[PDB]
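Residues per chain are reported as follows:
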Amino acid sequence: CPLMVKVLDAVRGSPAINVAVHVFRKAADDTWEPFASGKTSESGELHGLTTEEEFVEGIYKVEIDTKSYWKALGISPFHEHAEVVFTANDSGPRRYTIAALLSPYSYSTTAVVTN
Amino acid sequence: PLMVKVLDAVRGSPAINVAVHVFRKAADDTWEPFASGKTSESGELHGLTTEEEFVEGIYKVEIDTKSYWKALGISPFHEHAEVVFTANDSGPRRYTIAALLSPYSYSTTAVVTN
Amino acid sequence: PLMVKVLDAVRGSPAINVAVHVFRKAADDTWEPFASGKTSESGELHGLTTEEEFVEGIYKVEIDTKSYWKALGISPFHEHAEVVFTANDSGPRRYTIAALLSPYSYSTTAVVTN
Amino acid sequence: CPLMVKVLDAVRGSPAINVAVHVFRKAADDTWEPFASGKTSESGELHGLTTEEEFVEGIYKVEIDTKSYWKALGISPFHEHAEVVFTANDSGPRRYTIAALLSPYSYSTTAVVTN
Ligand SMILES: O=C(O)c1cc(Cl)c2c(c1)C(=O)c1ccccc1C2=O
Ligand SMILES: O=C(O)c1cc(Cl)c2c(c1)C(=O)c1ccccc1C2=O
Ligand SMILES: [Ca+2]
Ligand SMILES: [Ca+2]
Ligand SMILES: [Ca+2]
Ligand SMILES: [Ca+2]
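Those sequence lines, one after another, are chains B, A, A' and B'. A prime marks a further copy of an entry chain. Residues 10 to 124 (the authors' numbering) are what the first sequence spells out, left to right. Residues 11 to 124 (the authors' numbering) are what the second sequence spells out, left to right. Residues 11 to 124 (the authors' numbering) are what the third sequence spells out, left to right. Residues 10 to 124 (the authors' numbering) are what the fourth sequence spells out, left to right.
Pulled out of the complex, with its shape left as it was, chain B reads as follows:
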């Protein structure tokens, strides 16, 4: 699988477990089409979202449902969700990890792209 998502919780110092994640691919008419989705595991990771054959070049959006995550923990959040928008580009063999570190009023995201 060429696309994985990993989510951490900066308040509790833990993987962010059971977070809903939706991936969209930008269509020709500029709308966002559902592409893959799931919930993070007990390790905060979401594997198996797509396959090499399905994951073609294009613009993708990863939407992480942070508001529901914080609400399930009883913590007051700022954002509706965290959004990560990027172009997939075929520069030799590549695997993409979209990582996010969550706080109630802040988040960070990094792309780890490896061969």
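Don't read these hints as lab results, they were simulated from the structure. Do not rely on the hints blindly, as some may be mistaken.
Below 27 Å or equal to it, Euclidean Cα-Cα: the simulated DSSO-like pairs (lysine-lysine) are [claimed, not checked]:
id, chain 1, residue 1, chain 2, residue 2
1, B, 48, A, 15
2, A, 15, A', 48
3, B', 70, B', 35
4, B', 35, B', 48
5, A, 48, A', 76
6, A, 76, B', 80
7, B', 70, A', 76
8, A, 76, A, 35
9, A', 76, A', 48
10, A, 48, B, 70
11, B', 48, B, 15
Fit chains A, A' and B' with the ligands to the given chain B structure using the hints.
Showing chains A, A' and B' with the ligands alone in chain B's frame:
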């Protein structure tokens, strides 16, 4: 009531001339254009909106990070940063949306004051 | 020439009353006390030093994050944040050391201007 | 092993490989005593630093040699190193991951503490 500040984590400097587009969710659930501007030499974008215009709603602040890096000769990973939040639900607040940029990573924080 | 700004990522607010201790590496390779202060209501700490006092050197800015969280009733992970850098090596610069705090995580950024 | 270190590079979007990491434990006289050290692997991870028997409660410092990392990549850095200082506390079974995300003028660090 809405200010945006952007920093560059490679240079340790304000991120100057970053385009920012703000949208507000309309009644038909689409993103309507709300305001736009660019960061100044200090990395700050003031004057996007007014107290009258900045009503309750769900807002999206799109920070055009790819255009920023490309103008510096760098090919970055992300298209833009997208900060989405419900504003003013318990009355007017002042929002500072801050972003810290690297070519393959960014962080964003909200400072909300009364 | 040296300012420290601290934000709280749980509240989306300035981190107020954060103690900050600055040290400078002495000729015997030990950390000598250089300056200290606390962040104001804006989360900013001004007036730590002067242009005359802030000579070249290796400086350590210790931000007392554990004391901050404990005063808010929270048990955090880190003892403090420690920002270590060589200053003024190519002439005087102005340094802003920023920190963004959560109970189990923090980030720190330097904004350096001439 | 109860203590692992993971380092990512925010400029290149990659694990931070071959980064020197030194762990110290605070001694009774308030000095920092060497405790463990190593270099991150091709995955940006440093495993096997210590054992359950050696890793007692106390105050620890993890020093990540970021300046040498950036210099090996030809990139101008701000910090001498990144320093992570924390108390280890025996609250049931615990494993500690100290994660760091590096940029030339900024770094972030998070603690992932799991059972
Ligand atoms: O108050 C500000 O002018 C301000 C603006 C930004 Cl953009 C940042 C900060 C402050 C800040 O403390 C900060 C701290 C740690 C990581 C990123 C940032 C920022 O990115
Ligand atoms: O799971 C990991 O091995 C791992 C290591 C690091 Cl170092 C990071 C992350 C994950 C991660 O999700 C992450 C998310 C947002 C900002 C920084 C990081 C990291 O810096
Ligand atoms: Ca291509
Ligand atoms: Ca309302
Ligand atoms: Ca010099
Ligand atoms: Ca104990």
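Hints, one by one, checked against the model:
1. With a C-alpha separation of about 32 Å, the suggested pairing of residue 48/B with residue 15/A is violated against the 27 Å cut-off.
2. Between residue 15/A and residue 48/A' the alpha-carbon distance is near 24 Å, which keeps this suggested pair within the 27 Å criterion.
3. Between residue 70/B' and residue 35/B', the direct Cα distance comes to roughly 8 Å. Compliance with the 27 Å bound is thereby established for this hinted pair.
4. Between residue 35/B' and residue 48/B', the direct Cα distance comes to roughly 22 Å. Compliance with the 27 Å bound is thereby established for this hinted pair.
5. Among the hinted pairs, residue 48/A with residue 76/A' is inconsistent with the structure: their alpha-carbon atoms are about 37 Å apart, more than 27 Å.
6. Only pairs whose Cα atoms come within 27 Å are accepted, and residue 76/A paired with residue 80/B' is accepted, the gap being roughly 26 Å.
7. Using a Cα cut-off of 27 Å, the hinted pair residue 70/B' and residue 76/A' holds, with the two alpha carbons roughly 15 Å apart.
8. Annotation: proposed proximity of residue 76/A to residue 35/A holds, straight-line Cα distance about 24 Å (limit 27 Å).
9. The hinted pair formed by residue 76/A' and residue 48/A' meets the criterion: a straight-line CA distance of about 14 Å does not exceed 27 Å.
10. At roughly 24 Å between alpha-carbon atoms, residue 48/A and residue 70/B fall within 27 Å of each other, so this suggested pair holds.
11. Of the supplied pair hints, the one linking residue 48/B' and residue 15/B holds, its CA atoms being roughly 24 Å apart against a limit of 27 Å.
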